[PDB]
Amino acid sequence: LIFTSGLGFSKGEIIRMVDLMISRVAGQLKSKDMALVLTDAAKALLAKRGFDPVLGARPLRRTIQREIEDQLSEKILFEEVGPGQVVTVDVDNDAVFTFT
Amino acid sequence: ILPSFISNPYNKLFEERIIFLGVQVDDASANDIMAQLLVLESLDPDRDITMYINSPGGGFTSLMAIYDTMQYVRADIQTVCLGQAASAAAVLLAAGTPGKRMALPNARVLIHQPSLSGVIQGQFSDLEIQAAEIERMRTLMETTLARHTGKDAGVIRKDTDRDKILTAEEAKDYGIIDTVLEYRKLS
Amino acid sequence: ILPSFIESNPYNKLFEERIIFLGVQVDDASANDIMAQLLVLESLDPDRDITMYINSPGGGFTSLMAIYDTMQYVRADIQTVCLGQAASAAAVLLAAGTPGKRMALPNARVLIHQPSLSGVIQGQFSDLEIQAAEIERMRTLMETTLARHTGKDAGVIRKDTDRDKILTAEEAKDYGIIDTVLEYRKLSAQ
Amino acid sequence: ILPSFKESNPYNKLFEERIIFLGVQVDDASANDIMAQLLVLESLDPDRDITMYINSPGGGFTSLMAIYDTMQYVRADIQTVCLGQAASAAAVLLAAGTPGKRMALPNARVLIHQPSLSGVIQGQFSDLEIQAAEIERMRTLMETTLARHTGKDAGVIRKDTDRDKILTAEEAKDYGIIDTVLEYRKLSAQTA
Amino acid sequence: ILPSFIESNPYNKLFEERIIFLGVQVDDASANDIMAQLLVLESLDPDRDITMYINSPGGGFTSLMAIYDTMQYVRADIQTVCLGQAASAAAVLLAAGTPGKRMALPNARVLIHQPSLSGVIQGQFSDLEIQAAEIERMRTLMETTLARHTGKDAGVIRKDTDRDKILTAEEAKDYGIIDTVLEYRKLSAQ
Amino acid sequence: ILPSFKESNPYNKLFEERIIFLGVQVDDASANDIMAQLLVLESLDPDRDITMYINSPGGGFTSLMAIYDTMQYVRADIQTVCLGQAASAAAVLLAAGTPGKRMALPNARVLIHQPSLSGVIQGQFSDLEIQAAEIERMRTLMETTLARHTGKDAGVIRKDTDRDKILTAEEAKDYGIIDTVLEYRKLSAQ
Amino acid sequence: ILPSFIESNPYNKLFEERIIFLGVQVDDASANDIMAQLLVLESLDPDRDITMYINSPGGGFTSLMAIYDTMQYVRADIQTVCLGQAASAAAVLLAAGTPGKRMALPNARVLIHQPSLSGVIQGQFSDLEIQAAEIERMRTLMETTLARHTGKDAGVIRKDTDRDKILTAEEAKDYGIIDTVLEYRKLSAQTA
Amino acid sequence: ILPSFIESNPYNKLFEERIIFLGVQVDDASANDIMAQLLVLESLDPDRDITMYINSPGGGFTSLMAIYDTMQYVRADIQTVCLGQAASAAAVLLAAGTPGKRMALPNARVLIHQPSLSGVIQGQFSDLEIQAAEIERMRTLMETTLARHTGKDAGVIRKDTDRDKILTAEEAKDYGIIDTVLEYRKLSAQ
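Chains as they are written, first to last, in the UniProt record's numbering: chain A, 662 to 666, 678 to 684, 726 to 806, 815 to 821; chain B, 15 to 20, 30 to 210; chain C, 15 to 20, 29 to 212; chain D, 15 to 19, 28 to 214; chain E, 15 to 20, 29 to 212; chain F, 15 to 19, 28 to 212; chain G, 15 to 20, 29 to 214; chain H, 15 to 20, 29 to 212.
Don't read these hints as lab results, they were simulated from the structure. We treat Cβ as the ideally placed atom computed from N, Cα and C, and that holds for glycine. Possibly wrong hints are sitting among the right ones.
[As the list claims (entries may be wrong)] Covered stretches of chain D, as calculated for chain C (at least 3 residues, CB under 8 Å):
1. 59 to 68
2. 80 to 89
3. 105 to 119
[Unchecked claim] Residues of chain C placed beyond 10 Å of chain D at every Cβ, according to the derived structure:
4. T120
5. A130
6. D186
[Stated by the list, open to error] Straight line, CA to CA, 25 Å or less: simulated DSS-like cross-link-like pairs of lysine-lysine:
7. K208(E) / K123(E)
8. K35(B) / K208(B)
9. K187(C) / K208(B)
10. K28(F) / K28(D)
11. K187(C) / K123(C)
12. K123(E) / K187(E)
13. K683(A) / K181(H)
14. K174(D) / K208(C)
15. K174(B) / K35(B)
16. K28(F) / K208(E)
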């Protein structure tokens with residue numbers, strides 16, 4: 662059995730989780746003859762945007778889907794990324818991702 | 015006669040995070056304002072606290088109590104002038120969060136240097152102390168208004184040397200408020 | 015003694039139907055209460071008119087202008103009914119109702135006169151000239167508001183208000199301060 | 015010490039039976055309260071009469087006119103009863119009730135007299151002329167109202183009110199200010 | 015400091039047994055309270071006697087006449103009990119109770135005297151003729167009321183009340199103001 | 015400040039225990055309250071003694087006579103206890119308790135003195151000749167009551183009250199005003 | 015402004039814990055309140071101690087003796103605690119608590135002095151002699167009370183109270199007015 | 015006016039968080055209230071600290087000592103915050119909080135000066151000698167407490183507090199009256 666669960681004038726591993734979560738996308742791309750690589754800055758930005766200290770890693774999956782899966786699918790449909798190519802994800806500059 | 019409904032209008036305003044500084048600024052009103060500010064901050068620190076000002080001024084230490092409480096709390100403060108803001112109230116009006124100090128079109132602001140009402144008797148060795156304290160309070164008001172209006176203490180001192188009255192627009196050009204409320208009527 | 019009934031007294035009942043009673047002197051307390059009531063009423067239903075019963079001998083100028091701004095700012099339209107008398111500041115408030123919704127009972131009375139200083143302000147000539155400038159400013163502001171709301175010209179208002187001007191309901195209607203004089207509803211007299 | 019007795031007071035019970043007590047000096051406060059009560063009762067049941075008990079020493083003129091206009095405005099009829107006295111403005115209010123529905127108790131007293139300035143107004147002659155004109159206007163308005171509600175000419179009212187006119191209930195009924203003088207309804211007294 | 019709790031006030035208990043307490047001066051406020059209570063009790067049970075307790079130093083004349091008319095109008099019999107004193111106006115109220123049901127404790131005193139002016143009325147001699155005529159009318163009305171409720175000629179009352187007349191309970195019974203003198207009902211005493 | 019604890031104060035709780043407090047100057051306001059309380063307590067249970075605690079400085083004569091008649095009227099026995107003082111009027115009230123149930127704490131005091139008219143009662147000689155007669159009657163009645171309740175003679179009482187007579191608890195007990203001097207109930211002492 | 019809480031007041035809470043408060047001048051109103059409170063607390067539980075806090079400048083002699091008799095009369099033992107000061111009458115009351123149970127805070131002061139007649143009593147010499155005899159009697163009675171409750175000859179108290187005598191808590195303990203001077207019970211101080 | 019909310031008002035909410043507001047003059051009423059609040063809060067939860075907000079011009083000396091003894095007696099740690107000013111007695115109370123938990127807002131003020139006899143005391147020289155000795159004792163006691171809590175020496179306090187000494191928040195911290203000057207918390211413009 663397992664269970665889970678002032679007024680005023682007072683003062684005086727996440728990168729591993731991101732890798733695991735993007736493992737599914739990387740595998741699906743591999744089935745499509747594609748190799749996904751994420752830079753350290755990209756993983757840091759993904760963790761910053763999608764990791765909620767209050768709610769843990771709950772909003773991380775949707776964040777990855779928003780930032781990578783949607784853009785990657787759009788680019789695949791545009792044919793700008795073809796089978797056998799290595800898809801590298803980088804971050805520039815609030816910031817924004819970019820795919821090579 | 016203030017008619018209740020269901030609560031009084033003042034309770035309804037307070038629920039919406041509105042504080043009413045509608046009396047003379049003294050110890051009683053200062054304590055009431057401080058208690059309300061602390062309660063509102065505890066209930067929801069993020070949300071802003073509005074503060075309506077229709078007062079003819081008052082004491083200096085009570086002004087500073089209210090001022091410190093307003094600046095201290097986590098919540099942003101938004102000051103409205105309504106009908107008048109004279110002497111202490113003016114400082115409080117200028118003490119709202121920048122960009123969130125507004126006044127009604129026919130409001131009136133009135134800034135002047137601190138004045139002693141009555142006579143303080145005693146030996147010269149005590150009147151020297153009282154004069155030094157009065158100068159300190161005056162300089163403190165100069166510095167607060169200079170901080171919150173973006174004007175040098177010298178300019179503010181020269182301007183407040185004698186009672187200076189400002190309309191809402193003149194107050195805006197003076198840095199005491201940020202906006203003059205346009206009327207909201209649908210016709 | 016005002017008798018309640020079944029735990030609502032007459033004033034609360036009037037407030038339920040969006041009626042604000044300015045039956046006292048226009049000062050800080052009354053001004054703050056009236057602002058609070060107008061804001062609450064606007065919040066409850068912005069698209070419903072708010073009635074203002076006026077029976078006041080007037081009062082402060084800053085309080086007048088505060089109530090006036092709140093009336094002109096609320097999204098709802100204000101309808102001002104003068105009962106008994108609307109003198110000095112109150113007159114302006116009666117004139118400041120929504121054009122077409124200003125009313126007075128047949129035997130009511132309106133009084134208009136320029137602002138007057140109560141008591142004596144003592145000081146050096148510099149402070150007194152500052153005060154005189156302020157008082158002229160207040161007088162001109164009252165003239166401007168009345169001219170705006172009655173369709174007269176500021177100069178005509180100035181000349182008319184030099185000395186206390188007392189108008190009956192019909193004369194107030196013909197002056198531009200109200201739109202209609204109320205008619206009785208009794209059926210025995212119909 | 016006014017006892018209570028749902029818990030209610032005598033005045034609340036009287037209000038529930040559509041009775042308004044004007045037992046104080048007419049002024050802004052009492053005028054506003056009476057107007058609020060009249061409006062409330064008229065809204066509750068427009069076609070049912072409203073009863074006004076008058077035991078008052080008089081009061082102001084603008085307040086009197088507020089109350090008078092409200093009485094004459096409401097859909098419901100007004101039945102005025104003079105209790106112990108009705109002086110100055112209260113006499114006008116007593117005469118302002120609906121014809122046939124104004125009455126006084128046998129030992130009541132009515133007192134009609136012309137408006138009197140309380141105190142003094144000091145100022146320039148150009149302001150005193152304005153004040154005197156307004157006072158004359160109000161005197162004439164009082165005479166016109168009483169003439170309308172008593173059936174007498176304005177000149178007769180002016181002549182009569184020049185100095186304090188005290189009337190009993192019977193003299194008031196003859197004058198025209200009331201229609202009936204109330205009769206006692208004690209059971210023992212009748213059966214004797 | 016009267017003992018009550020939230029309201030079992032002893033005056034509430036008395037009123038619930040149809041007892042009205044006139045223990046203060048006879049003025050407009052107390053008069054109006056008394057008439058409201060008499061009317062309320064008459065409505066509650068018209069055919070049950072209403073009791074009045076009179077410990078008052080008297081007061082105004084119009085207020086006296088208001089209370090007197092209400093006492094005579096109501097359908098129920100009024101039983102008056104003088105306890106302490108019944109002076110000036112209150113005396114009439116004591117004598118105005120239903121014949122037979124007028125009582126007083128053994129050590130009560132009843133003061134009867136003619137109406138007197140509270141201060142000075144000033145004005146032209148004509149206004150004073152009017153006021154003096156009114157005062158004479160009021161005095162004659164007092165004599166007539168007491169004559170009606172005591173069985174004595176108005177001339178006798180005028181002669182007797184020309185100057186303060188103080189009567190014990192027994193002298194009041196002989197005079198006709200009351201009918202019985204209460205006898206103590208303490209149990210241990212018998 | 016008096017703590018509370028239905029909300030009830032100590033005074034109400036004592037009233038529920040059939041205890042009354044005459045701890046203020048005797049007058050109409052206090053006399054009417056005492057009378058209402060006595061009547062209510064008699065109604066609730068007339069076979070149970072009512073304890074009246076007396077710490078008064080005195081008061082009027084008519085109020086004293088009202089309280090005295092009520093005390094002697096109600097069926098329940100009254101037990102008077104003097105705590106700090108019983109001066110002038112209250113002294114009579116202390117002596118008016120049921121024989122055997124009049125007590126005073128050891129340091130209590132009683133003060134008996136003839137009636138006095140503080141202030142001036144002005145008027146013609148023919149009015150002062152009536153006022154003097156009334157005051158003499160009041161003094162004689164006070165003497166007669168004190169003599170009836172103490173067992174002395176009206177003449178002896180009159181002689182003794184010619185000037186302020188101050189009696190301690192033992193002296194009062196010997197004088198007839200009280201019967202027993204309360205002994206302390208403290209358990210630690212005994 | 016005294017903050018309530020969820029309800030009661032601090033004073034109601036203290037009363038529930040049997041803590042009377044004599045924080046004002048000893049007059050008839052305060053005496054009646056204190057007497058009512060003592061009688062009520064004796065009724066609720068006669069076998070439990072009653073605490074009485076004394077912060078007062080004194081007051082009337084008769085009120086003093088009323089409160090004194092009531093304290094000595096009830097069945098519950100009384101424990102007095104002097105907080106800010108106990109002057110004139112309130113000193114006697116402070117000494118009137120049960121022996122062993124009279125306490126004072128370290129910085130309290132006890133002011134004992136003979137009775138003084140603020141104001142003027144006029145009258146004939148025949149009345150002034152009576153008044154003077156009464157005043158002497160009350161002075162002697164106060165001396166006897168203090169002698170009884172402090173274990174000192176009444177002559178000693180008479181000589182000592184001839185002029186205002188002010189005593190600190192320790193000096194009062196030496197005198198006899200109190201038994202123990204309260205010690206602070208703050209945890210942080212004890213642990214430091 | 016002080017709005018309530020759902029029911030309670032701001033002072034009650036502050037109390038529920040163990041906060042006491044000394045916002046009036048230090049006299050017997052405020053002293054008694056503060057002591058009652060301190061004792062209640064101590065009973066509710068001794069371990070938790072009690073906060074005292076000080077904004078007052080001073081007041082009596084024995085009231086000061088009552089509040090001070092209660093603060094130093096209770097089992098809980100007393101934190102103090104000076105808001106607008108702490109003049110005369112209040113300063114002592116401010117300095118009497120637990121070492122480490124005495125705070126003041128940046129623009130607060132702290133006025134300390136020697137005890138002064140308001141009014142005039144009259145009497146013989148042998149009485150004024152006693153009164154002057156008492157005044158000296160009170161002054162020495164004030165200096166002793168201030169030296170004990172500020173760490174200074176009594177002589178230095180006596181020299182400094184001869185005339186009104188006004189210290190700001192930082193000057194007070196240097197003097198030892200407080201420990202920390204509160205820093206603002208506002209999230210915006212952190």
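Structure-based check of all given hints:
1. 59 to 68: It holds: at least three residues are needed, and the segment 59 to 68 of chain D offers 3 whose Cβ sits within less than 8 Å of chain C.
2. 80 to 89: It holds: at least three residues are needed, and the segment 80 to 89 of chain D offers 4 whose Cβ sits within less than 8 Å of chain C.
3. 105 to 119: With 0 residues closer than 8 Å to chain C, the segment 105 to 119 of chain D misses the three-residue bar; violated.
4. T120: 21 Å, holds
5. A130: 7 Å, violated
6. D186: With a cut-off of 10 Å, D186(C) comes too close to chain D, as the shortest Cβ separation is near 5 Å.
7. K208(E) / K123(E): 21 Å, holds
8. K35(B) / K208(B): 22 Å, holds
9. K187(C) / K208(B): 31 Å, violated
10. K28(F) / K28(D): Roughly 17 Å between the alpha carbons, so the hint for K28(F) and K28(D) holds.
11. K187(C) / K123(C): 23 Å, holds
12. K123(E) / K187(E): 23 Å, holds
13. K683(A) / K181(H): Measuring from Cα to Cα gives roughly 34 Å; hence the hint is violated.
14. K174(D) / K208(C): 23 Å, holds
15. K174(B) / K35(B): 38 Å, violated
16. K28(F) / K208(E): This hinted pair is violated, its Cα atoms lying about 33 Å apart.
Hints 3, 5, 6, 9, 13, 15 and 16 from the list above are not met by this structure, while the remaining hints are.
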